[PDB]
Amino acid sequence: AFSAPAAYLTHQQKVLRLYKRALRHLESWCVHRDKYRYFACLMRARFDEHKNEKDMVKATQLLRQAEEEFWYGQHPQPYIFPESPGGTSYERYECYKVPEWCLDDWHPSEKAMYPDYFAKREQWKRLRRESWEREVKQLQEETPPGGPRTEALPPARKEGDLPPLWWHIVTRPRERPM
Amino acid sequence: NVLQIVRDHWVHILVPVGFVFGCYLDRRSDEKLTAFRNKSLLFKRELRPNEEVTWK
Amino acid sequence: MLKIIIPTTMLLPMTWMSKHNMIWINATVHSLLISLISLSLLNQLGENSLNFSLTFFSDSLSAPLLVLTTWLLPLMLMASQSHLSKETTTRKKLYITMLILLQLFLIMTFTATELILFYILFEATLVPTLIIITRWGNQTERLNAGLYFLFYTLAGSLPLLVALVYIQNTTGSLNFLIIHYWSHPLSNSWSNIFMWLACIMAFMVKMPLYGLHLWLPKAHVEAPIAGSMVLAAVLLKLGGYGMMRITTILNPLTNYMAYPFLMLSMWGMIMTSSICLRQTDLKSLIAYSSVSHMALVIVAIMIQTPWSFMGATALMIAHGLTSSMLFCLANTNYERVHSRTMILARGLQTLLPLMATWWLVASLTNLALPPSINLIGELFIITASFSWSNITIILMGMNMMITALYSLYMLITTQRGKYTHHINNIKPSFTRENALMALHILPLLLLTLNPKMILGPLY
Amino acid sequence: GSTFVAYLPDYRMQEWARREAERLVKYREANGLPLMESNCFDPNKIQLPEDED
Amino acid sequence: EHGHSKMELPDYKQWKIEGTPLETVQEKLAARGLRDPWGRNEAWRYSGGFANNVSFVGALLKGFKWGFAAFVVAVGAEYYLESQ
Amino acid sequence: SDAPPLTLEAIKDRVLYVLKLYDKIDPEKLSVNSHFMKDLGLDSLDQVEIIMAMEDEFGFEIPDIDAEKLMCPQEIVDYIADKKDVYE
Amino acid sequence: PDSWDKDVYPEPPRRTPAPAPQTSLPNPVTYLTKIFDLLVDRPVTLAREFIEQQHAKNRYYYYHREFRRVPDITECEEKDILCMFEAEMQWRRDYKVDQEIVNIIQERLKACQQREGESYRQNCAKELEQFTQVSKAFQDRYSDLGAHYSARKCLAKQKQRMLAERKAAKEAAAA
Amino acid sequence: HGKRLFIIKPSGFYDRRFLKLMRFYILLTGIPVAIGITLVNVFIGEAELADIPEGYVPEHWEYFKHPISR
Ligand SMILES: CCCCCCCCCCCCCCCCC[C@@H](O)O[C@H](CO[C@H](O)CCCCCCCCCCCCCCC)COP(=O)(O)OCC[N+](C)(C)C
Ligand SMILES: CCCCCCCCCCCCCCCCC[C@@H](O)O[C@H](CO[C@H](O)CCCCCCCCCCCCCCC)COP(=O)(O)OCC[N+](C)(C)C
Ligand SMILES: CCCCCCCC/C=C\CCCCCCCC(=O)O[C@H](COC(=O)CCCCCCC/C=C/CCCCCCCC)COP(=O)(O)OCCN
Ligand SMILES: CCCCCCCCCCCC(=O)SCCNC(=O)CCNC(=O)[C@H](O)C(C)(C)COP(=O)(O)O
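So the sequences go chain by chain: C, X, H, A, Y, B, V and G. Be aware that the first sequence starts at 81, since it is given in my numbering, and climbs by one per residue. Be aware that the second sequence starts at 30, since it is given in my numbering, and climbs by one per residue. Be aware that the third sequence starts at 88, since it is given in my numbering, and climbs by one per residue. Be aware that the fourth sequence starts at 2, since it is given in my numbering, and climbs by one per residue. Be aware that the fifth sequence starts at 4, since it is given in my numbering, and climbs by one per residue. Be aware that the sixth sequence starts at 1124, since it is given in my numbering, and climbs by one per residue. Be aware that the seventh sequence starts at 1051, since it is given in my numbering, and climbs by one per residue. Be aware that the eighth sequence starts at 331, since it is given in my numbering, and climbs by one per residue.
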């Protein structure tokens, strides 16, 4: 989610992702914790017997039979965490997420309530105004010629600098705004 | 103030005047369609002692 | 009838003698008063008509259309106030003049005891609409749209004129009362078939008929908000009113000649409702929905039974109000986002809740939720069609299902989901827009209490 | 305007037709007449064309 | 008013594999040469008030005893009253 | 809901609890900043197992791309705090 | 009530059973309807008495309009517009009155169905027969004129029907 | 527990203001109408059907029952 993606997944990453998926689906099949622990230890053992293979062609012929076997026995109704992209409360609270700029449209009678909040908001806005001018130059000088190759951003280098393009990551609404 | 807001609000009176003129013209056009007044077989009515026309 | 015509004419000198910053106020107030005065035409008779003079007469088919026409002008002015802010006083006065002239021509068209006078005013309405579309439209396609909206109309209307004069050369009159009382059957002849076609095609093109509907999406999409409102609410109903008037001389030839138009409308309602499901523009979707509703009205008029005529009148009024409201909602979104692409601005319920309620109620009336007058007309037409042939129920039910589908698709795409992040200029809804929306929607839910006012002369 | 439309006088003659039908049905039920007649006009005053086919 | 009592976690040495089905899982795992490393992470599910279980029929017969006693008292009282 | 507003201290304690209940690590040598690969000698399979244990113990899922680069208990705690928006 | 004619809208004499309490236990319906009477019916009755006295203070009348008979479309020349207008208005009024007659008979039928309860199929044959006769006559008069109906079209339909009847009778006579 | 947080939400001022204005104007005209209607029904009452006396022809507005309709 947070981390920038790469151009490809290496063989180790594919094997680890298959390991996690197979373990989760085995947990879906093996409801009870003791049965799951036994079968998960067996599953880890079955991964471990080819840990030390040196032939890349052999290792790539493997993981392929393995993912085919996974797709055969994948528990068509796996357990999903409620907040996960398949869960029952995945995007439940998106309707409560209001952008921060909407507060700029509030009536002065509305801003009369909560004066400290809006004073701190003004401070944040001033900080953003200055930091942006610094950030544009820093990103222009740090980016390689011909454009970025990976969507990874640099941190601040000097004392008073702020990380480039920070406003919409720092000012997220909330996980559960209401 | 009188004689001052008239020069700024004179236009408002025109629509109302038109409505009155249209009503008057409608009545005047009604006065030209009395060829059968108190003559239809359905409403042949004998005039009241102090009546001139059944309808205007 | 002059007590309504004269004030509408006086709207012009009052507009042109107004202060530079009082034109909208004066126009709105006096147009509302004219609407209130015109509201007294609704006291109709069970007998013939309200025959005011040799020139103008009123009917319980004409009265609802007249009242809707008078009510539409204040809403059009309120909708036009926003996007005409940066424009000179003379040009704004010209725009208001075009709207007033359109209202005057429509008012005289709907009474119009003479068929030639009806044709003259029915074609005189063309000029103000064309000027409004091709002068105060935004995109470069407006000119092209205007051309379509012109020539289609004339392509249908020029033969009618010939037919009309031909009738008066044979009958001796074109007065609607004399025509109705002295009507005679049409023999099955080639000459009579072509007279039937010349009488029908002019009104068919402006409904519009399914095959002849190309001009409508262009004209409604490229027109300004007042133009779209008047096009969808009143100008589409001229064809239905003309057909309802003119089918009295076309019997019994209508029985045979109605089949191609009945098939075209029954299949085209399905086609246009399906087109609405895949539309990337809000205005185009609303225009195609209008085409579907008018296809249903065409079926109703072609069946020519009492229930058909009552349903067609009710549906014409309800569609006018609902489509005007939908266009106004789309324009409120457009004036903020300037794109008119449905997928761009999303999740507007979280930012504009009252406007979301207006969207919901407009979609509900477009969906024909009972006991709205939309469903009253829908059901009357459907029952008449079922009596005409029991197999029409498949097409009618499919149209109902697709209509609900695309109405709720339009609501969900624009109001629900997540807001677009990069759009930060969505300002709170103005009192003008909310007042416009209420002034659209309260008349509908209040007319459902007294349906006989909009069920026509066969009630 | 809504109140004015609500209280519009009965120029459509709904109650008038109801009262006419009420008295007409009362009369025909009392006299044993067969309620509505199938002929809208009296046949004695229509002159059909003799066919002689 | 919320639940602000500064809850402190129990001791981690408290959890043991002994006396749980995790014990026999470990036994069968050792029969083939493997070990379960996350066993103690799950011992709390077999330790406290969760240690004792009830059967399906026992769950169905949740209040059979005192309800049956009420039944027998009621039927005896009715037999005594009607025999009069 | 009635769910207490968990703090950084609770997250740290719970992460260390789950880690001390992993018997391939001796608890006395465990520390918040100890690396998984080198300070404790764990394989990447052990690391993904630890991520699964954290997920099952906090009730939410860490995506593979973020999970595969979490190598210290402290940064696991930091990731959980950022996801759950913990103040102190 | 006197507000409507009992002959146009008849009702059976409304036989009701008498309460026969076989047990001494108090039925809550009686006490509950008595307290309803006390708490609801009396205040409503008193308000109605007030309103009725106020109405009696100001008494005025309205009249049912009488329409003369005029020659119908049969006594009209082929192009005499005035007599055709009179006849058309009379025919439209008669059509409305016939619609109201059918409405009255349908109301009778609905009331019978609800009133006779579980034995409506036998105890509503009278209303069904009346509605069948009235429906047949109304259909014979106005079934197929469509929109744009008139007295002339109704007369043409009647002439066609009675030509068919005359042909059928002549065929039966010469059988 | 003093953990009260600020709730970010759009301005409800304009929607409430519009609703208050619409309610005020609709009531401004409808309350006198409702009171007058009730007063008219209560004291004026309604016309009762009667037979037309011989030699008397009624006015066109004397064929209606409700006083407001008349
Ligand atoms: C916010 C939450 C709710 C708060 C408010 C609560 C109160 C709700 C009550 C209102 C809605 C409930 C429905 C109950 C209706 C009661 C009134 C109704 O019964 O009166 C109607 C009367 O109203 C009218 O029929 C309908 C109004 C007409 C609408 C005209 C539109 C206004 C002009 C605007 C311009 C036109 C634009 C559209 C062009 C076509 C029908 O009465 P009717 O039995 O029949 O005869 C009237 C009385 N008689 C017997 C003496 C004749
Ligand atoms: C494109 C988008 C929509 C635009 C509008 C479309 C609607 C227009 C459809 C026109 C309605 C019907 C036209 C003619 C109907 C007559 C009945 C005919 O179809 O049936 C047969 C007619 O037979 C043949 O059709 C004869 C004519 C053959 C030539 C016609 C060309 C065929 C295709 C042309 C269609 C192109 C339409 C657009 C033109 C630009 C019956 O033969 P018969 O019983 O003996 O004679 C009946 C007529 N009488 C009684 C008067 C003598
Ligand atoms: C949206 C674009 C549509 C374009 C127009 C579509 C409508 C076409 C209708 C026909 C146009 C002209 C018809 C004439 C007008 C009525 C006059 C009339 O009925 O008189 C007829 C005259 O009939 C005609 O002359 C008809 C000739 C038509 C010539 C033009 C043909 C146009 C194209 C024909 C094919 C398409 C027809 C239907 C198209 C529908 C629209 C798509 C009989 O009178 P007499 O001859 O004097 O008496 C009989 C004894 N002598
Ligand atoms: C119940 C649902 C269906 C289940 C069926 C699925 C069947 C899967 C079993 C297939 C067997 C395999 O492992 S498929 C064999 C894939 N190839 C290799 O294992 C070669 C080298 N191994 C690695 O590189 C690993 O990453 C490793 C070194 C272990 C960790 O690395 P870290 O040190 O970087 O953590």
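Simulated from the structure, these hints should not be mistaken for lab results. C-beta: ideal position from N, C-alpha, C; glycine also. Just to be clear, a hint being listed does not mean it is correct.
To be verified - With a straight-line cut-off of 25 angstroms between C-alpha atoms, the simulated BS3-like cross-links for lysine-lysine are:
1. C:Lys205 to C:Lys217
2. V:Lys1056 to V:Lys1176
3. G:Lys333 to V:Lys1056
4. G:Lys350 to G:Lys333
5. V:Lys1056 to A:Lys46
6. B:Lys1192 to C:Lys217
7. G:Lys339 to Y:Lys9
8. B:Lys1206 to C:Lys200
9. C:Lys205 to B:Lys1143
10. C:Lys131 to B:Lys1206
11. G:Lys339 to B:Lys1206
12. Y:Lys19 to B:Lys1147
13. Y:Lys9 to C:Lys115
14. B:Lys1161 to C:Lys131
15. V:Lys1176 to X:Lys73
16. B:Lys1147 to C:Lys138
17. Y:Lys9 to B:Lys1161
18. B:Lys1192 to C:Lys94
19. H:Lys505 to B:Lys1161
20. V:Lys1146 to A:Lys46
21. B:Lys1161 to C:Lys138
22. H:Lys173 to C:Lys191
23. G:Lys395 to B:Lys1207
24. V:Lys1129 to A:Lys27
25. G:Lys350 to C:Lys205
26. V:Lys1146 to V:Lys1107
27. C:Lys177 to G:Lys339
28. V:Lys1129 to V:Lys1056
29. C:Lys205 to H:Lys179
30. G:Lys350 to B:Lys1207
As the list claims (entries may be wrong) - Pulled a few chain H residues facing chain A out of the computed Cβ check, cut under 10 angstroms:
31. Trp111
32. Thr115
33. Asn135
34. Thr335
35. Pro339
Against the structure, the hints come out as follows:
no. : hint                   : result
1   : C:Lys205 to C:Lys217   : holds, 19 angstroms
2   : V:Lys1056 to V:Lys1176 : holds, 17 angstroms
3   : G:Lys333 to V:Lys1056  : violated, 75 angstroms
4   : G:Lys350 to G:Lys333   : violated, 34 angstroms
5   : V:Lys1056 to A:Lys46   : violated, 37 angstroms
6   : B:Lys1192 to C:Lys217  : violated, 30 angstroms
7   : G:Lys339 to Y:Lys9     : violated, 33 angstroms
8   : B:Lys1206 to C:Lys200  : holds, 24 angstroms
9   : C:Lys205 to B:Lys1143  : violated, 45 angstroms
10  : C:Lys131 to B:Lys1206  : violated, 33 angstroms
11  : G:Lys339 to B:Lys1206  : holds, 22 angstroms
12  : Y:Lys19 to B:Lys1147   : holds, 15 angstroms
13  : Y:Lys9 to C:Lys115     : violated, 35 angstroms
14  : B:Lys1161 to C:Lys131  : holds, 19 angstroms
15  : V:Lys1176 to X:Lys73   : violated, 44 angstroms
16  : B:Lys1147 to C:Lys138  : violated, 30 angstroms
17  : Y:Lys9 to B:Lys1161    : violated, 35 angstroms
18  : B:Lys1192 to C:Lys94   : holds, 14 angstroms
19  : H:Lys505 to B:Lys1161  : violated, 44 angstroms
20  : V:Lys1146 to A:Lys46   : holds, 23 angstroms
21  : B:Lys1161 to C:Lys138  : violated, 29 angstroms
22  : H:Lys173 to C:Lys191   : violated, 31 angstroms
23  : G:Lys395 to B:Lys1207  : violated, 72 angstroms
24  : V:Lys1129 to A:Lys27   : violated, 38 angstroms
25  : G:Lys350 to C:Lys205   : violated, 34 angstroms
26  : V:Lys1146 to V:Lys1107 : violated, 37 angstroms
27  : C:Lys177 to G:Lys339   : holds, 8 angstroms
28  : V:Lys1129 to V:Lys1056 : violated, 46 angstroms
29  : C:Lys205 to H:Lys179   : violated, 41 angstroms
30  : G:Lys350 to B:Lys1207  : violated, 40 angstroms
31  : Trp111                 : violated, 22 angstroms
32  : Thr115                 : violated, 16 angstroms
33  : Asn135                 : violated, 12 angstroms
34  : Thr335                 : violated, 21 angstroms
35  : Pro339                 : violated, 20 angstroms
Comparing the model with each earlier hint shows violations of hints 3, 4, 5, 6, 7, 9, 10, 13, 15, 16, 17, 19, 21, 22, 23, 24, 25, 26, 28, 29, 30, 31, 32, 33, 34 and 35; every other hint is respected.
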